[PDB]
Amino acid sequence: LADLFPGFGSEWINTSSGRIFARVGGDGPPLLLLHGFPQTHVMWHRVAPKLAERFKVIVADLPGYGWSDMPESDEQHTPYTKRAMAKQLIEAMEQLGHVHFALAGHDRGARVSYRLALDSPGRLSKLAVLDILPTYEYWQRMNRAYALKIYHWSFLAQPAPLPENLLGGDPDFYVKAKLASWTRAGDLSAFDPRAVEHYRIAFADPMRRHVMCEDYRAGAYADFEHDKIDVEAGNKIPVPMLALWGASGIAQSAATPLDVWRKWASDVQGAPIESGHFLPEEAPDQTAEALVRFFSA
Amino acid sequence: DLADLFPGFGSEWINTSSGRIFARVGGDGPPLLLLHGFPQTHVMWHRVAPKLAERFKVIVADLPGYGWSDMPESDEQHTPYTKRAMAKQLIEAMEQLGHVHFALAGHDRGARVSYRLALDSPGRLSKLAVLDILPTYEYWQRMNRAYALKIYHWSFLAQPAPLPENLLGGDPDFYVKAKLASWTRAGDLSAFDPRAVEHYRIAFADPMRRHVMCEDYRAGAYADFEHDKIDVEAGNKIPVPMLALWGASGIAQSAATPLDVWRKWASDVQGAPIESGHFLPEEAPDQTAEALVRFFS
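If you read the sequences in order, they're chains A and B. Read in the UniProt record's numbering, the first sequence has 105 at position 102, and its numbers run on one by one without any break. Read in the UniProt record's numbering, the second sequence has 223 at position 221, and its numbers run on one by one without any break.
It is possible that some hints are incorrect.
Pairs of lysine-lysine residues, derived as BS3-like cross-links and limited to a Cα-Cα distance of at most 27 Å, are as follows [unchecked claim]: (1) A/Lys152 x B/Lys53; (2) A/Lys231 x A/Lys266; (3) A/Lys231 x B/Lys152; (4) B/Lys152 x B/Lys266.
Hints listed in this document are in silico derivations from the structure and should not be mistaken for laboratory results.
With the sequences and hints as input, model every part of the structure.
Right, here's the structure in full:
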């Protein structure tokens, strides 16, 4: 596998829930970058160098993803709930001396991020979420059109071992199918092939695949329940937040993203990026410029 | 090695303009067409058909594309697998036997053919029974988190080829057994005759058959929904006396009973819950057989 972060160090951060792998580079204020599915920390490889010019950039594999350890799940998928992932990444950041840091997350990592901001807002200076709406919102907007577009939300949430067994016959196909279908082009051209190989290799591990399903099971159940409580209780993220989404990404299908996020956060700025779902890879300059601008204010 | 579960039934290959329909035919009396659904074949009727064949000419048909029926070439609209087209093909099939007016009981996908047949061509039907379905439109219209997780396959199998086909290729024996198992009251395969399971398993073992099933569900998400919506919007009701049976467990029984929903679609509908999961004729054969006999007589 390629080193896609020349000059970045590599850290295995112990937490109570397992080691978090991260690439670490730059200097300045700490900025944690979290990837989503079916990716690893390397998805940040085109924007992290630009962020590293101004921030101490920590590009972490989510708990259970990439080279991070896989906490054994349970019937409630607890370690793969965004609440648990956020606590675990808070612990990891603490291990590095970062008790207050900026956070940008993409996809699942963005869900960890806004859950972290709801549970532990004191930990965050600024939060950026890329191409997501809160999990609750996706579920509450899950009509026929949306059920078809993000079928995987319900497919991967099926009880084990059903998605695992189906994924295992040809894992390469599925990871590549998901990378391609959520891009603007609908193919792999936006991805550095070396990055694709990272994603495919992670996806090749049955245990990694199971973790992704656990993440999605959490997504369907506990994560939804957690969000539901906050939305019903009128709890908004108090952390200044940037919501970026791809003009042809997943978030914008369910709804107008800024309107949704203004319901969830008291200080939200939003901007679309002409991109599919994979903003930092489909639109690295634009994404990085948006993140740099936002985190630098 | 495929057991004959209809001793005394003949086996008919019925030619239609879209290909052959395979049917077991037994009994004597008014014609009654029994249509299975997914992921089964006509043999699902093996426990109730002999009781019906005491009073009716029972035609136990493989749906177009299913079982031993020929598989019409699909198209970008999945036309041959729309319930409208399947109805039309089964009407042609019944006409080959000289049955222009017949009773119809359908389960699952077959019940969707059946009520569509009833909407498009109600003069072909003396009486209609639908087992453990609501109209396709109602499924999609009530689409929410709970139903998306429960009937996830409605959106999964409707994904563009070859995504479901490839995934189903991952473990087809597991998938079909998981679907049969998970939709019963028991949660396992114990309600099924093992020899029937072998039929379902072998049909499901054929990639082309699996592709047809996906074509069926793609129709179910697109054209079938559009056809139902037209009837809802035009207020078109089924004028055929109809019996709606559903499993107290399984795919419908929620807030309003299936009967309440069906009453919006049918002018003359009676309904009863059967102590069953989804697979009424196999989980609850005597009760199913009794209700059908009583209704069709």
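Hint check results:
{"no.": "1", "hint": "A/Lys152 x B/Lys53", "result": "44 Å, violated"}
{"no.": "2", "hint": "A/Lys231 x A/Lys266", "result": "13 Å, holds"}
{"no.": "3", "hint": "A/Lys231 x B/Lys152", "result": "20 Å, holds"}
{"no.": "4", "hint": "B/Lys152 x B/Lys266", "result": "23 Å, holds"}
Of the numbered hints listed earlier, the single one contradicted by the structure is hint 1.
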